[PDB]
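**Q** Here is how the chains run, residue by residue.
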Amino acid sequence: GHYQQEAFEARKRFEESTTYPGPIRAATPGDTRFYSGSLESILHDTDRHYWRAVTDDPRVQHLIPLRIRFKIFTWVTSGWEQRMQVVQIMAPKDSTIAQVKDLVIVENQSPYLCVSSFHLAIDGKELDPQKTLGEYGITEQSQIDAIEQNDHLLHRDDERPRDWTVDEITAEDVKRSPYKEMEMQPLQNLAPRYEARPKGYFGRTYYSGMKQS
Amino acid sequence: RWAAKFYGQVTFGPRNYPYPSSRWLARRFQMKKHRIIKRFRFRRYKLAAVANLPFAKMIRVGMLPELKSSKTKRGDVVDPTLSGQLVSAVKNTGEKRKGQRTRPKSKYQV
Amino acid sequence: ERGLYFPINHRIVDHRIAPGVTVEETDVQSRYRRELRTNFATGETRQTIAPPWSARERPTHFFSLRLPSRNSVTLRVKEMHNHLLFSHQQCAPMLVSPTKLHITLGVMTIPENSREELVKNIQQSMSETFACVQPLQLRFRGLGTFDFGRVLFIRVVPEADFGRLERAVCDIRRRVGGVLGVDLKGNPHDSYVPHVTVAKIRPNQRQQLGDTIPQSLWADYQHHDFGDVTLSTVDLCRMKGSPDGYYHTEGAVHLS
Amino acid sequence: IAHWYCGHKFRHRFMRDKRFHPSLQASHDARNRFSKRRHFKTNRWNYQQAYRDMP
Amino acid sequence: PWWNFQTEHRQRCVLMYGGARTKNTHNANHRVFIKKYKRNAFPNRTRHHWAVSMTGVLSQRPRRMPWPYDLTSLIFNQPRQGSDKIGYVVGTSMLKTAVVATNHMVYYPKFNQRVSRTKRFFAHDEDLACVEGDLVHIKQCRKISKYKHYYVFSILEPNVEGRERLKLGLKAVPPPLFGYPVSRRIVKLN
Amino acid sequence: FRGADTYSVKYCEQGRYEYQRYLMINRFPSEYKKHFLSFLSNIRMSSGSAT
Amino acid sequence: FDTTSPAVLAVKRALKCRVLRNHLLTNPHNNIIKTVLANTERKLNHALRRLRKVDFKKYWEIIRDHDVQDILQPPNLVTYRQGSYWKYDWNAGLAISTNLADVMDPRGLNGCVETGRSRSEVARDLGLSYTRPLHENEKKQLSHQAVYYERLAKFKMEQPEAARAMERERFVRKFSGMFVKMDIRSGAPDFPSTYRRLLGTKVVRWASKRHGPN
RNA sequence: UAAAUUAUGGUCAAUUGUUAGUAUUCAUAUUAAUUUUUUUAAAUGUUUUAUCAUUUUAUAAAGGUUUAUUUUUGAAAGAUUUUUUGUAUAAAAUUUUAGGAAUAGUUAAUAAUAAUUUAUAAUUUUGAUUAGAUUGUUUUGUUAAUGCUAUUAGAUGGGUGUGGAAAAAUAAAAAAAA
Ligand SMILES: [Mg+2]
Ligand SMILES: [Mg+2]
Ligand SMILES: [Mg+2]
Ligand SMILES: [Mg+2]
Ligand SMILES: [Mg+2]
Ligand SMILES: [Mg+2]
Ligand SMILES: [Mg+2]
Ligand SMILES: [Mg+2]
Ligand SMILES: [Mg+2]
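The listed protein sequences derive, respectively, from chains A, B, C, D, E, F and G. First residue of the first sequence: 1, per my numbering; consecutive thereafter. First residue of the second sequence: 1, per my numbering; consecutive thereafter. First residue of the third sequence: 1, per my numbering; consecutive thereafter. First residue of the fourth sequence: 1, per my numbering; consecutive thereafter. First residue of the fifth sequence: 1, per my numbering; consecutive thereafter. First residue of the sixth sequence: 1, per my numbering; consecutive thereafter. First residue of the seventh sequence: 1, per my numbering; consecutive thereafter.
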């Protein structure tokens with residue numbers, strides 16, 4: 001918005017200064033890992049956990065915290081839900097989109113995400129695995145999605161996983177994949193016990209951007 | 001020393017009484033001490049304190065089944081190895097070996 | 001079951017993500033302790049940073065403490081090379097030859113026109129600054145990184161005569177950059193971090209070598225002790241690698 | 001002095017109060033105030049060669 | 001009304017004019033100790049309970065109360081009590097962890113005098129400067145691990161002897177000759 | 001007697017707020033940031049149309 | 001004419017001590033001199049511990065000449081753990097006596113009052129490293145830890161199935177187990193400590209209420 | 001190392017046993033209590049709603065805890081036409097038994113690792129852990145008084161985890177959307 005161009009322009013004018021001595025690092029503190037409160041809070045790199053009244057010199061950001069979005073199928077008791085999971089890397093400024101794929105693959109801790117090949121895309125347009133973040137104007141604020149192989153098949157009943165509510169789960173597939181891990185047959189402590197949202201939660205029509213009634 | 005010098009408070013006289021004990025009181029307590037000691041001798045008491053064991057808790061060897069004086073009372077339960085070793089100690093304490101230092105002997109020590 | 005239910009190291013809030021996002025819309029997942037991993041662990045070091053205009057131009061000459069012959073340092077660095085090359089021989093182009101080992105006290109850009117005025121004037125000011133300073137016994141242990149893990153060096157511990165160095169340097173810093181305006185890559189009111197550069201990745205090299213020296217090489221030598229050295233000799237050097245087989249030396253001062 | 005605390009005599013109360021007295025407290029000099037005698041002569045026969053890494 | 005005699009009482013529901021509205025808790029109850037165990041067998045190794053045990057904390061005679069005024073508050077202005085502590089480093093066996101012994105103060109109002117007690121803390125030194133026997137400044141902070149709420153703020157006095165001792169490859173300090181006391185007699189010869 | 005005649009006269013000779021002494025209250029750096037922020041966003045607006 | 005100064009005192013007491021020692025070696029029981037040897041040894045201990053805070057190299061060479069390191073050894077673990085061994089040079093008044101500037105450049109020994117950052121932080125910022133010489137323990141621990149991410153990157157690049165297995169177990173674990181969400185009860189850093197009242201009856205995991213300092 | 005006055009100021013400390021040679025807080029006293037008396041409590045059916053459902057209605061059962069109990073606003077208050085922020089879970093002090101010994105899903109680093117990661121780990125004689133007794137840091141009684149002597153009650157793990165917060169299975173005396 002306004003911030004982005006205000007600070008961009010500020011940086012760009014700062015770089016064209018003929019006369020500047022350079023900052024004194026005794027006057028330019030780092031950040032503290034030690035502050036009150038139990039939680040450990042990660043902030044912007046321009047920001048500190050103490051009060052600093054003075055505005056520090058604009059720096060180019062050498063580690064850009066990209067966010068890459070995935071679609072997961074979350075099991076809730078009623079049936080499957082399709083929701084969103086972000087993976088966040090720190091990708092070096094000049095890095096190549098291939099390398100961004102690689103960093104993204106290493107950083108995900110969920111078993112259900114990276115199984116097949118995925119393509120990075122912005123507003124539905126694929127990115128060249130060949131070229132730099134610089135060219136595509138990728139910043140933290142930029143919205144990056146990720147698209148799997150079978151994702152364009154999800155409108156069918158096949159690729160989309162089958163919920164034991166409406167579908168047979170057989171000794172074929174009891175031993176394979178999220179079904180196996182889930183332990184469909186109830187145990188005393190109830191197995192891994194997944195989040196549940198009921199059937200009448202959204203009414204007769206499911207969740208939408210547009211009000212349908 | 002291990003044992004008790006006195007039994008009960010042997011110096012009880014009024015303050016500034018210019019001796020540790022009076023004759024009267026010391027005679028009373030000498031009586032009580034006498035009775036206790038005589039009891040120790042005739043019942044043939046034996047105590048032991050073993051290394052690498054709690055010391056304040058002393059195995060009473062005079063109650064051990066082998067060395068027990070009474071024919072009736074149930075004596076005590078002490079480890080078989082340890083009790084053998086205690087029996088051997090008590091036994092080989094008795095007599096003077098030459099070159100060893102002379103140590104006081106009595107009837108009631110056996 | 002073998003520890004805290006929620007391990008304390010895992011409790012992390014990201015404030016660089018908008019409020020309300022993590023509660024409803026989506027959850028954000030990241031390995032957050034790569035970033036939180038500190039300046040001691042990574043081995044980074046914060047050097048005096050250049051203003052952009054100075055950052056544009058290559059440095060030409062530098063101040064150096066010359067290491068004498070028969071050093072503890074040179075010997076142990078040779079031992080370290082042996083070990084590193086036996087582990088991974090991909091290091092071979094990164095490593096600096098033991099012949100070029102020197103302590104870097106500061107870096108500077110001299111333009112080629114004013115060259116002689118500047119070298120004479122510098123040399124003189126340098127000789128005046130170091131007039132009173134007797135030789136310096138400094139201690140070297142530990143490794144560190146400049147320029148995002150591209151430069152791998154031996155730290156100079158502030159346990160010894162180092163204190164004196166700091167005043168000494170900060171004087172030439174206030175003469176060479178303060179008095180006659182010269183481009184010291186930093187502020188003259190700021191002190192430079194002295195170091196012995198061991199491995200380095202130049203721009204041309206970077207393609208075949210990679211963008212950062214993998215920490216797996218020097219991890220074990222990170223805190224290794226290279227020993228003590230007494231130093232009588234200060235040089236102002238231009239960087240030419242073929243003139244004498246040692247950095248081409250434009251000026252010299254003896255500490256005695 | 002309430003008679004239920006500590007022993008049936010009075011002086012037992014003041015004998016446990018000496019355990020809390022300010023100027024009587026345990027430190028680097030006065031140690032093991034409560035059982036001195038269980039720890040007495042404990043190391044006599046324990047032979048420990050003292051620690052010297054310097055000549 | 002607590003200032004009125006036993007016989008002077010009329011209404012028990014209110015204070016007529018002013019003063020303190022006081023509930024009488026009955027202090028003299030003749031409470032007693034029940035003896036449930038033989039003097040021979042008491043079911044504890046270290047201590048035995050034969051009488052009525054005094055209870056509470058600060059209700060405990062003779063009263064021992066927190067004393068804010070000591071060396072530490074003398075030097076520091078603390079936002080919260082115990083936010084600053086000065087102490088000595090005792091041992092470093094744990095990476096990035098310095099154990100610190102510190103003194104604080106207790107006041108006995110009965111005898112009108114103070115005692116110093118001592119307490120150990122785990123402090124977090126990133127970068128591992130602290131050598132055993134350093135005099136350090138220590139602050140309260142973010143919860144770091146199960147037991148570490150404190151970090152090393154500044155080294156007041158480093159240990160120069162200890163550091164040079166380390167540089168030579170020797171331990172910072174000689175290991176204590178005897179450990180904790182025992183109730184046994186260890187006969188170990190040659 | 002708790003009445004007005006029990007206290008001295010000098011309580012009514014006093015100017016206002018003169019019983020106060022300078023209070024140095026420090027607090028953690030973190031807490032300064034929190035507090036300054038709070039006061040800032042309160043000065044902007046405390047309540048929605050109610051300000 | 002110096003007598004009372006620490007170095008002198010330490011030396012003369014060192015000598016007296018050796019003499020008395022070899023004397024006791026010859027004729028076994030005179031307990032008068034056992035006692036005088038012990039007192040001398042104590043006053044020697046005082047003299048040496050004052051020396052190392054006055055000038056430490058002389059302290060060193062005295063210990064190396066006369067071989068007394070045995071009276072500098074802290075007596076027992078108990079009083080040492082409470083830091084009353086280090087507490088001596090507080091009482092002697094030598095605790096602040098160092099005069100740093102010749103050693104240990106003071107710039108990175110102090111923390112920032114307004115910033116709140118520790119001394120390791122301002123040392124980080126000035127690009128200085130104070131670190132004690134490390135033994136092989138700390139070196140091999142650190143050098144083992146430094147490399148975690150390279151090992152991990154190699155693992156999840158080259159061997160995705162094994163990884164996905166482990167992840168299955170973790171992810172599913174998060175739903176099983178004792179507490180699924182973090183609340184004051186769950187997020188209690190010391191569980192057995194803050195709830196001691198559960199320890200015998202309800203909660204059987206822990207047999208004691210205290211595993212650490214507090 | 002000198003006195004002082006423009007004179008009682010800045011608002012009350014005040015102790016009561018008839019014993020039995022003498023030494024030592026110890027029977028019979030007053031005050032406060034239990035002995036001792038039905039002038040302050042109380043009965044069951046909570047309530048709306050769109051109908052087999054969904055909205056409102058969050059700390060008195062017991063167990064015995066002494067290094068111990070700690071927290072937000074997203075509910076309501078609450079006011080605008082819609083995206084609204086940041087601050088919290090952490091600690092420090094005070095902790096009992098006449099005669100006193102070892103404790104343990106265990107410390108610290110790594111990390112959303114490890115039922116076999118790495119390490120010379122952690123608690124204890126400055127009194128631990130088990131075990132007894134016990135409801136913790138404005139409440140009483142006596143007294144001229146540093147003391148001695150009381151103070152209830154209320155937070156007892158998890159297992160489809162709802163909810164802003166578990167405080168959620170009789171036991172009000174809290175008006176609960178005309
Ligand atoms: Mg006789
Ligand atoms: Mg003879
Ligand atoms: Mg805790
Ligand atoms: Mg229990
Ligand atoms: Mg209850
Ligand atoms: Mg208990
Ligand atoms: Mg506490
Ligand atoms: Mg706490
Ligand atoms: Mg249950």
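These aren't lab readings, by the way, just hints derived from the structure by calculation. In this text, a Cβ means the ideal position worked out from N, Cα and C, and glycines have one as well. Don't take each hint at face value.
What the hints assert, rightly or not - Pair ranges (Cβ atoms, derived):
1. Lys171(E) to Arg41(B): 32 to 38 Å
2. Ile122(A) to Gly20(C): 47 to 53 Å
3. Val76(A) to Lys154(G): 33 to 39 Å
4. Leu100(G) to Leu24(D): 36 to 42 Å
5. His46(G) to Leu53(B): 35 to 41 Å
**Q** Each hint needs a verdict: does it hold in this structure or not?
**A** A quick look at each hint next to the structure:
Our hint of 32 to 38 Å for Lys171(E) and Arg41(B) is violated, since their Cβ atoms are close to 57 Å apart. The hint said 47 to 53 Å for the Cβ distance between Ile122(A) and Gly20(C), and at roughly 24 Å that hint is violated. A C-beta distance of roughly 36 Å is found between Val76(A) and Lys154(G), which places it inside the suggested range of 33 to 39 Å. Judged by the Cβ atoms, the range 36 to 42 Å given for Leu100(G) and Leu24(D) holds: they are separated by roughly 40 Å.
Checking the proposed 35 to 41 Å range against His46(G) and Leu53(B) shows it holds: the Cβ atoms sit about 39 Å from each other.
Hints 1 and 2 from the list above are not met by this structure, while the remaining hints are.
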